[PDB]
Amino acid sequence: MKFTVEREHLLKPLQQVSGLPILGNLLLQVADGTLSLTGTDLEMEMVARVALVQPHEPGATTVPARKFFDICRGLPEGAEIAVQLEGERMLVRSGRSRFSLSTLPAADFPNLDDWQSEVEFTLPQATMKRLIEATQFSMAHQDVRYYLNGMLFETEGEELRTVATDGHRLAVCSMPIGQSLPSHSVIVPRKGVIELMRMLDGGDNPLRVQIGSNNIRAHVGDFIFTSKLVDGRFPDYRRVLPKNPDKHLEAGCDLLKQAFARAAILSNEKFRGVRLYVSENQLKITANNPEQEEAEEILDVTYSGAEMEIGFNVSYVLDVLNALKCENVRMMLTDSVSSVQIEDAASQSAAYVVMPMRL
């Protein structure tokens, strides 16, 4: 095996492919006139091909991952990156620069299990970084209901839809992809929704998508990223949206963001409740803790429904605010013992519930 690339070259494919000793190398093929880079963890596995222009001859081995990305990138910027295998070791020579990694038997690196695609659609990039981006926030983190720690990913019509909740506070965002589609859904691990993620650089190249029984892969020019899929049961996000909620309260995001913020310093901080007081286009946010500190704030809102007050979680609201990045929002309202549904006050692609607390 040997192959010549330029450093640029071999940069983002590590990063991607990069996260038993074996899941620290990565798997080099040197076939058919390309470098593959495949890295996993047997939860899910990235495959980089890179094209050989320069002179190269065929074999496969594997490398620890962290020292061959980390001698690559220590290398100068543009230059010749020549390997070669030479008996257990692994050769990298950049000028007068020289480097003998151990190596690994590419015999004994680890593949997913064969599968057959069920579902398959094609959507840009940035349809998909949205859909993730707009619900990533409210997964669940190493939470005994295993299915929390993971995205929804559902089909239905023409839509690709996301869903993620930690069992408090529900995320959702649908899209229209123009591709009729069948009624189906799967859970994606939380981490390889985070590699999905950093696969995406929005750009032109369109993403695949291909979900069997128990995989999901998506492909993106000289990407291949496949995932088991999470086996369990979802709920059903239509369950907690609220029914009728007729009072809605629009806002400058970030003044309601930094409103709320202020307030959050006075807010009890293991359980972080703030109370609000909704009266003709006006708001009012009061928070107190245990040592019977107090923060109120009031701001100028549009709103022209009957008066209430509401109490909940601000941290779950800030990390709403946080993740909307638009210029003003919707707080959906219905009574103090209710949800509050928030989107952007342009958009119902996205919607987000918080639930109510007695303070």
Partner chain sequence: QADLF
Contents of the next structure:
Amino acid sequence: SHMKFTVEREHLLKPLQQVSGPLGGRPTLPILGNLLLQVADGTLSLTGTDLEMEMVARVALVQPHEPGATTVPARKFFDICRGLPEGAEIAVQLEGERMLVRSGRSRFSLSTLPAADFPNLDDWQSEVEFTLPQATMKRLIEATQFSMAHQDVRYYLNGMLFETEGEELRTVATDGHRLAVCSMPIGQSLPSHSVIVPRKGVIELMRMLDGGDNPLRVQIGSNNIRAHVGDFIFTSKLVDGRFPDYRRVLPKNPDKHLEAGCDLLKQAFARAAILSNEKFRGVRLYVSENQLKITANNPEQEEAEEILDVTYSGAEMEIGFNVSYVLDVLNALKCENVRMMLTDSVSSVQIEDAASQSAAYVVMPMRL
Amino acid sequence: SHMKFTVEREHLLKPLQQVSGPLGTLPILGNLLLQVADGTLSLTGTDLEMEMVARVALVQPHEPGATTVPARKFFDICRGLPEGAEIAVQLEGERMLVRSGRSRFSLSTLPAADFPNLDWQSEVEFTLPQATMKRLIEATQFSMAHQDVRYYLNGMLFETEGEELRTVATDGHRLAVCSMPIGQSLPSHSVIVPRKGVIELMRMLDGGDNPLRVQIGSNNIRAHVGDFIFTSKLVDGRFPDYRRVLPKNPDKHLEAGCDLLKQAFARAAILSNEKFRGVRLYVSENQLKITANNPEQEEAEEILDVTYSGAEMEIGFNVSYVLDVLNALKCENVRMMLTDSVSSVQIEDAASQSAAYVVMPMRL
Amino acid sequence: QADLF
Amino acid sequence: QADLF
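So that was the form deposited without its partner chain. Now I'd like the form deposited with its partner chain bound, please.
Next comes the full complex, and the chain you just saw is listed first.
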């Protein structure tokens, strides 16, 4: 191939870092360990992929260049660029099946694989499109991502529901024990639609949101989702499956409302957790007039007890929880006071920020 | 037991962290020994090879006694309480009650009588600033062996000669040696401290100038700094003599910037064999060429302008051994003293003879 | 551990 | 790799 370019080190590092995101992590096919490099019309494009998602970065070429393409080992190429001195100019060209990298008195010959072999995601058509602030997308994912399933047999929970309704973008994540849902206004009228993004793609979308006054442009097809921020384009296949309806898992008539300081509540659960069962992490809540008591004990018969002043006037009751599920919610709620809505010992609890209803969390209890 | 005490969280945290160092087969070894006597709280953890002691002064009402308590759980409780919390501790039967504010905890104990002690007599003693002991260990520890059947190399030689304290470490391929004068007349003596104890001592000391008192017995070593006491059994064995591996009459001298040299090696390493790590050095006409290739037949070449005296030569190295030395030197310019392709090489700071490193080449 | 659905 | 001793 004719491909040639020379680019300063600092223009390459962040793109190489971003497009390497989808790469593992248990090799599969050798070309999947390579980045696709393409030069055309004064632009260098870099692509990495795991066959399910891909990340693309564009770099402007202001120095002499020649069009072409190849694929190169991502970790070796990244380390070469990162290892060169600050300010270095990195010259690249192909000689036969080898990629030559030269900077000053450093020279490297890398083995390549043909660009024609690189599995890039196939052509697909956009059906829903909108723009939103990156901070909004970031808040929506951060607010729910921890409740996603991981390696669950119900493959449709190993991901996150993205749902457009009215003026809102909504995310839902659940593993069948706990659920998180967050809605944010988008300031544009959208069709009613919902897709499942795989959890690995959710994570990389979250890690691409860095920059400043750049907006985030989203395109959703029938089988794919695409996000454009600045010079980076993320694309992922969608999960083909039916997602549970968060509207139906919400507690239907909670008659007991507790309100408490988020920091003090989180710290009491964290300390009680220390003497909980290491495998099951069960803790026990007793609520009474303006009082909350958290207890925990383990197979060695050790015991923790925490008492907190809360705002509660409902009937006294006792309920068990996996303390990690509760602490995930309270760590996600970066707020002053949380509200807990309860029904009985065998029913789900809904947890939210006492001052905001944009996010809600539902956690199923444990049999005490 | 009668043990009772009340202490602020911030006085417990650093002691608990330090005495937990040796903890990682017997259940009591997962516990800390707690002792109250003469207005002092002592905390001890041990792995049977080494032990760490921290003493805490008790200015609030207390009662003497002893017990042993789960280390990680007790530490997590203290760490998790709010800043400035008062932590009250007492025994009820075979359980230790911990109370702070509205937080209450009951921990299972094991009798203090069952806790293993490390009594012995010191034969060599000296004092030095803890930072000096720390950096002596940091300068050489990376060259210690790990799980070698020659058990005496899984540790560090501590050697006194004249006025100097010396550390030596070698794994049979490379060696590191560092000396510092401490201004006291010392007997000629050397002991081997096991590698686990070496690392734990290294991590206990900070960069302070607080005086550190060292006591070496025939079978044990002890280091006392401030309120912390480290003790270790010694490795009973004979160590190699570093003087006999140093290049004897190096006729080839290379000098270069440490960072530039390190960075050239690091980039060449990328295309070296991932298991054997071999790179080739060619030195001639004041230039060094480093090359590397891997099973994929990829190739790295680095050229550096150096100051070189002697005949042209080519020599192979495990690049990790070379990078270990250069990351440790943290200096402006390095000096390499060579003889031939099959003999050791000495690397040191061009501005200091305090530390020296010897690396044996590879045939590649 | 009870289930949501 | 050659032995140091």
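Residue numbers count along the first chain shown, from 1. Here, rigid core means the biggest group of C-alpha atoms that superpose within 1.5 Å across both forms.
Listed options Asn214, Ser185, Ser117, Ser279; Cα moving by 2 angstroms or more between these two forms (core superposition): The only residue crossing the 2 Å threshold is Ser279.
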